[PDB]
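One chain comes next, on its own, written as C-alpha cells: the form deposited without its partner chain.
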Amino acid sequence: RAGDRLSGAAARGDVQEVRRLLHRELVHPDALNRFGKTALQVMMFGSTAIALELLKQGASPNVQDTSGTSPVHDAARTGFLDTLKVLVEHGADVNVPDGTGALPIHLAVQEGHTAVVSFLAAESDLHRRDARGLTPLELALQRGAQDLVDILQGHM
C-alpha cells in the first residue's frame, strides 16, 4: 500500500502528500502500486514539482510499460514542457520508440505542441520512422502543420 498511496497522491497532483511520503515516511519513489506502476508513470504531468521530487529521491526515468510507453512519451504527447525538461535533465532518453514506433517528438508533432517540438528537435533522431513509415517532418507536412515543418527543417 505505500506504492498505492504515493501513486495516488502523484496522480491527484497533491504535492504536499508526495513530499510527506518521500521525506517523512521515506517511501522509495519506485514503490510499485497494485498494477505494477511507479508514481512517475501515473502522475499528473502538469505537476512539475512532483516529477522533480520523485527524480531527486531516485525514481527511474526510463521506466517503460509493455506498450513501450515511458513518462517522456506521455509528457510530450500532452504538451507539458516544464515536466519534460525536468525528465530529460534527470537522464530520460528521448530516442526510445513506443510500440507504435513513435518517439516523443512524433507524439508532440501529432498533437501540435510547438514548444515541445522545438525543445526536442535538437536532441531527437529525426530519421526515425513510426509504424506508418513517417519521420517527424513527414508527419508534419501530412498534417499541414507548417510551423512544425519550419522548425524541423532547421535540424534537417
Contents of the next structure:
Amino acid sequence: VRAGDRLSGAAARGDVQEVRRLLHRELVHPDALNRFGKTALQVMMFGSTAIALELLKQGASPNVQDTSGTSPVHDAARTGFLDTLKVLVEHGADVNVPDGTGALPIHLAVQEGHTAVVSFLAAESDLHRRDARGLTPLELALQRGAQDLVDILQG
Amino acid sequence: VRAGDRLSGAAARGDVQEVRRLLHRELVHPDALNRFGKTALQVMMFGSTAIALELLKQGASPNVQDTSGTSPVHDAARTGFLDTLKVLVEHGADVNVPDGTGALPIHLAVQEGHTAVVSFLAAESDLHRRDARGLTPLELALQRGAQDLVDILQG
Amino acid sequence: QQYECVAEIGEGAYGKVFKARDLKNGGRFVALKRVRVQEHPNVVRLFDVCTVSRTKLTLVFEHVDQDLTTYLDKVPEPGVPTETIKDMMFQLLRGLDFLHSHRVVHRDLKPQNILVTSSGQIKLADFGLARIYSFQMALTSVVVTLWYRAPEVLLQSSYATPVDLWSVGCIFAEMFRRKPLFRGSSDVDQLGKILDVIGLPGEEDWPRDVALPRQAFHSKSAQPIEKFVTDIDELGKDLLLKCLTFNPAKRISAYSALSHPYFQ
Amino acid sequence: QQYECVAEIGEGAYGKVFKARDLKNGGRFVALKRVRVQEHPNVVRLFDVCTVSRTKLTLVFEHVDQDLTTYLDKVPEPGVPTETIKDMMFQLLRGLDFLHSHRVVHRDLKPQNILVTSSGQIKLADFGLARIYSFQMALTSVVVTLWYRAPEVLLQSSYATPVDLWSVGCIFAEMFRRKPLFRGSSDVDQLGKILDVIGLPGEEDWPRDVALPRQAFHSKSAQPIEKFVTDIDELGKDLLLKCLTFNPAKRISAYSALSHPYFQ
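Right, the form deposited without its partner chain is done; let's see the coordinates for the form deposited with its partner chain bound.
Expanding to the full complex; the earlier chain stays at the top.
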C-alpha cells in the first residue's frame, strides 16, 4: 500500500513534518498498512515521541502486534524511550501484553537495563508473568544482576 | 657491531655458505655481538644444525644467556631441533642451566611436547628443578597430560 | 528467514534502506541495505551479509531509534547539558577518528547520519538518504541539506578527509544551537553564509581552478562565532573554530581534536 | 616492551626483518616487519600490530627456525619419505589455496619462504628477502633466485594467480630432488631451461606483446620430467606437470591440485 509506505517511511525516519503533512494536508489514515502490513506507529522512530504523539492523536491503534506478537510498548521499552512509552500508554497502549516469547514490556526493559522504564512499568505490570525462559521480571532482574532493578521490582 | 650483524643475520637466515664465508674468507669472531649484543649461535636458525656446528667448530661460546637468561639449549629444545641440541651439548653446552623463569631446557621440551628431546635430556637433567610455577619436569608433564613424556621421566 | 522487514526507511544514494526485526536471536530493530556487486562502539556495526542470489548481498546493520536531530529537537528549553555535548562530541570524534584511520572518509556527516541511544551512546551511520528543506519566508525554495558540506566541496576543489571535520564543527555548533548553523539554498549562497561568520579567508587560503574565486565574495568582517553558537565555552570555541576553518590543510584533525583541551 | 629484538634477520622487499623474543607471554622467537603507512595452520599468523608512532606499525609474526631448504639440505641420503613429501606438499597447497581465496597471491614461493617445523607442519611466509647464488663453472656470475618464477612473469605477460602454482611445482620437484629444478642466470636463460624439459609450447600457448617470442626459442624435445624429478610416482608426475604447465590458463588450480589423486 502506497500511503502506508509514505507515512511509515516518514515515521521511521523521524521526519515529523512529513508525518504531520501526510496526515493533515494529505489525509492518510494513521493505521494505513505499508506493503509489509505494519502501520507507522509500529515502525516509527521510537525515540521520536513527537511522531508517536502525532500519530496517536490522529487515532492510531496503540494496541497492535507483530508477527512475533511484538508491539509499540515492547519496542519503546526495549529501546528505552520512556517518553514515548508513556505517550503510548497514556493513549491506551496495554502494558501487560506478552510478546511471542512470553516476555512482556517490563521483561524487555529489565533485559536491556532501562531502569526508569522498569520503574515506570513495574507498577502497572504483572510481575508474575513468566518469560519464555520461565522467568518473571524479578527472576530475570536477578538472573542478570540488575541490582537497581531488583530493588524497584522488590516492591 | 658490523660483522656481528653480518654473521648473525646469516646464521638467522640459515645461510650456511655466508656463515662459512664470513667465518673463513672474512675471519669474523664467532662470538662477535650484533648491534643487539647477541652472538650468532644465539640467534641462529636453530633448525640449521650445520650452522650451529660450523659456529661451534670455530669456537662460539655454547654457554651464553639472554636478557631473560635463555640460551641455545633452551631455544633448541623449545624448538625441537634435537639434532642441534646435541651439537650444542656435544660441544659443552650446559643442559641444567635455568632460564629467567626457572624453567630449564627439559621444562621447555615437556612444555612443547618434544618427546625425543625430553628423552634425550631427562637423563642428564635435574628433574627436580622447579618451574616458575613450581613444577618439576614430571609435575608439568603431568600438569599437561604428556603420557609418553611422563613415562620417559618416570625413570 | 532470520530477519523480518517491517518498512522501507527510505531510498537514496544507497538503494532503499529498511527497518527489520532481528528475530534471528530476538527483538532488536535492524537496517537492511540491499547490495549487488556483479570494531567500534561509536559506529554502527555490520551484523550480517545475507546472499540473496548466488551476487546480491543484503547487509544487516546495527540500528537505533533516535538520531541527533530528534534528540536536540526534543531536549528541555535550557538545552543539552554542557557535559552531554562534550560527551557526544567526544564520541562523535572518537568514532570519526576510527573511520578516518582505516582510510575511510565519511563524507556525509549530517545530524541524521548521527544516531544517539536512549543511553546517549553515539554511533555514526550512512544511509545516503536526503531530506529536503522547503524555505522560510516569501521567496521560498527547496534545498537538500548541504549545510554540512565543507568549502572544499562546495568549491569543488578538495574532497580530502578534513572534509569530515568541517561537518563536525557544524554539528558541534548545532549542539549548542539546536538549529543548523549555516543554512543556505545554493552552493554559492551557502558559501556566503559560511563567510559572514568565519569571514573572507585570505587570498592565500582559497584555491585556483575553482569556479567561485575569492573575488566573487566580499570581505565583510569575521564575526565572533559566539554570537551564533550561543553559550559555548572558550575551550570549545577554540575546537569549534579549529574545525570550521576554511582552509582544509589548516583544519584540525579528528585525531587531534580528540586530544584537544576541551576533553581535559 | 613485550618483545625483545635479537637480530636483523635481513633486509629486502619489505624493509628489514627481525627475530625477536615473545616474552610478552614467554620464550618463542618472533619476526618483526616494520611498517609505515602515512586463520590457517599453514600460514604464518600475524600476532601483533605495535604502533611505534601515533603511522608506524610493527607487525609481529609467527616464526619458525627452519625452512624447506635447511630441512632438505639436511635429510638422509635416501631422501624425504614419500609420504612426507606428499604431506608437506598437501599443506603447502592447503595454505596456498587459503591464500588464493581471500584473493591474495603469494607471488614469491621460493623454498626460503617455506617454513617447516621440527614437527613437520608447513607454514608459508614472505620476507621479501633475496639470496644471491654465485655460479658453478668457469663463466661464473651471480643470480638472485627466480628459479621459481613462472613463464608468464619471466615473459612479463601475465602475473595472474597461477603464477603461484608454477612455483609449487618447482618446489614439489625439489622435494624429490633436493636441488632446484630449473636454475638459470637470466630471464631468457631461465626460459631456456624450462623449455628443455617441458619443451617448446605451441605457438598457441605463447603470448603476443612479449619481448621474447616463441620463435626466439628452439623446439628441442619435451623430455620426460622423470629423468629430472627422480623417483616421483605416476600420480605425482601428473600433478607436477599440472603445475609445470607453461600456459597459465591451462595450469592446475591450487584448489584443484588439492583434490588431485596424489592425495587419495
